[PDB]
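Visitor: Given the coordinates of chain A, work out where chain B with the ligand should sit on it, guided by the hints.
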Amino acid sequence: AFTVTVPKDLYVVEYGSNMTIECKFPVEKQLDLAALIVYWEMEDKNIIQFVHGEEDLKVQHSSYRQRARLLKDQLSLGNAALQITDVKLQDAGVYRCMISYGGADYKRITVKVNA
Amino acid sequence: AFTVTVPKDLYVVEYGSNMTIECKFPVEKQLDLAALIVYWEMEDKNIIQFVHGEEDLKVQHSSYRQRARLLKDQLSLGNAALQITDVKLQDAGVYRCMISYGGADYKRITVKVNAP
Ligand SMILES: Cc1c(Nc2nccc3cc(CN4CC[C@@H](O)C4)cnc23)cccc1-c1cccc(-c2nc3cc(CN4CC[C@@H](C(=O)O)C4)cc(C=N)c3o2)c1C
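Chains A and B supply the protein sequences, listed in that same order.
The working numbering applies: residue 55 is where the first sequence begins, and numbers increase by one.
The working numbering applies: residue -4 is where the second sequence begins, and numbers increase by one.
Simulated from the structure, these hints should not be mistaken for laboratory data.
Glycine included, C-beta positions come from ideal geometry on N, C-alpha and C.
Among the clues, some could well be false.
As the list claims (entries may be wrong) - Here are the in silico distance ranges between beta carbons for each label pair:
| # | chain 1 | residue 1 | chain 2 | residue 2 | range |
| --- | --- | --- | --- | --- | --- |
| 1 | B | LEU66 | A | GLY70 | 50 to 60 Å |
| 2 | B | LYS24 | A | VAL81 | 28 to 38 Å |
| 3 | A | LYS99 | B | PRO111 | 36 to 46 Å |
| 4 | A | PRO61 | B | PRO111 | 49 to 59 Å |
| 5 | A | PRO61 | B | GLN25 | 53 to 63 Å |
| 6 | B | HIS56 | A | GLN120 | 11 to 21 Å |
| 7 | B | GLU9 | A | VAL66 | 44 to 54 Å |
| 8 | B | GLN25 | A | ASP140 | 40 to 50 Å |
| 9 | B | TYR10 | A | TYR69 | 47 to 57 Å |
| 10 | A | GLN84 | B | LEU28 | 19 to 29 Å |
| 11 | A | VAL66 | B | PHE(-3) | 30 to 40 Å |
| 12 | B | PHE(-3) | A | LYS99 | 15 to 25 Å |
| 13 | B | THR15 | A | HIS106 | 14 to 24 Å |
With the rest of the complex left out, here is chain A:
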């Protein structure tokens, strides 16, 4: 029963710091890109779209552009890991990571930013 898990579901972060949020999923083998979809959204803003190996800059929402990246190296370890640099106020909310790799599952993560 393909599960995604969140190590931490609540992130308290400093304004202008850097953050990495993590979704873990089972990779019992060597990651097969033919099977892999990784999506990250925050309140209906598209953040990352990784589709079978394909990463499309064009669909990424204005805010996250040149601040958000998916750590590819980490994928191979079954860790969809979103790095957001220079955390702003508008960055606080519920994040969703959606994964499809054989089965499919998704999880939610809260971010709080201090002023």
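Guide: Just chain B with the ligand now, with coordinates in the frame of chain A:
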């Protein structure tokens, strides 16, 4: 650029009656069911889990499953269609359909129930 689209996003249905809600998705030529995942949820309750041609009635939530079905016939036309018979009160709320077929997309649909 895989899109899921909804004909109607709001359904107002009468208590006890029957409803079909639909999610449409592109099906170039002949559906490959081995590559297809169709998921329906309502406020975190599992309604339908159709993974590669098997439906999973292990944990799928007993109030629905009792009245909820995926019309497989319609899949061939790129129509994920959830049929609920004898609409109850607990059936109102925001459903989500999540589809994976090459790409992946989801949509939300609101249901309201009347009782006259
Ligand atoms: C998550 C998931 C499921 N979930 C489940 N399936 C079966 C059983 C499932 C059972 C559970 C329950 N438990 C929880 C714990 C464990 O016990 C399992 C949960 N979940 C399931 C099914 C099918 C697809 C997905 C999924 C996977 C990966 C990615 C995306 C995705 N959405 C996008 C949305 C967009 C949005 N844009 C915006 C406009 C829109 C448009 O085109 O209309 C496109 C992009 C892009 C671009 N890439 C998008 O990718 C999606 C939906």
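Visitor: Against this structure, judge whether each hint is valid.
Guide: For each hint, the structure was consulted:
For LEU66/B paired with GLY70/A, a C-beta distance near 52 Å keeps the hint of 50 to 60 Å intact. Between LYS24/B and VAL81/A the beta carbons are some 32 Å apart, a value that agrees with the proposed interval 28 to 38 Å. At about 41 Å, the beta-carbon gap between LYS99/A and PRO111/B stays in the expected band of 36 to 46 Å. Distance hint check: the CB atoms of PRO61/A and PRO111/B are about 50 Å apart, consistent with the given range 49 to 59 Å.
Between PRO61/A and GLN25/B the beta carbons are some 42 Å apart, a value that contradicts the proposed interval 53 to 63 Å. Separation of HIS56/B from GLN120/A is about 42 Å and departs from the stated range, judged on CB atoms against 11 to 21 Å. Between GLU9/B and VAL66/A, the C-beta spacing of about 47 Å keeps the proposed range 44 to 54 Å intact. Roughly 48 Å separates the CB atoms of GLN25/B and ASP140/A, a value that falls within the hinted 40 to 50 Å.
Evaluation of the 47 to 57 Å hint for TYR10/B and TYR69/A yields a pass: the beta carbon distance comes to about 50 Å. Under the hint 19 to 29 Å, the C-beta atoms of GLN84/A and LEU28/B, about 27 Å apart, fit the expected range. Between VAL66/A and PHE(-3)/B the Cβ separation comes to about 36 Å, which falls inside the hinted range of 30 to 40 Å. The beta-carbon spacing between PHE(-3)/B and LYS99/A, approximately 19 Å, falls within the hinted interval of 15 to 25 Å.
For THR15/B and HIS106/A, the Cβ-Cβ distance of about 32 Å falls outside the hinted range of 14 to 24 Å, so the restraint is violated.
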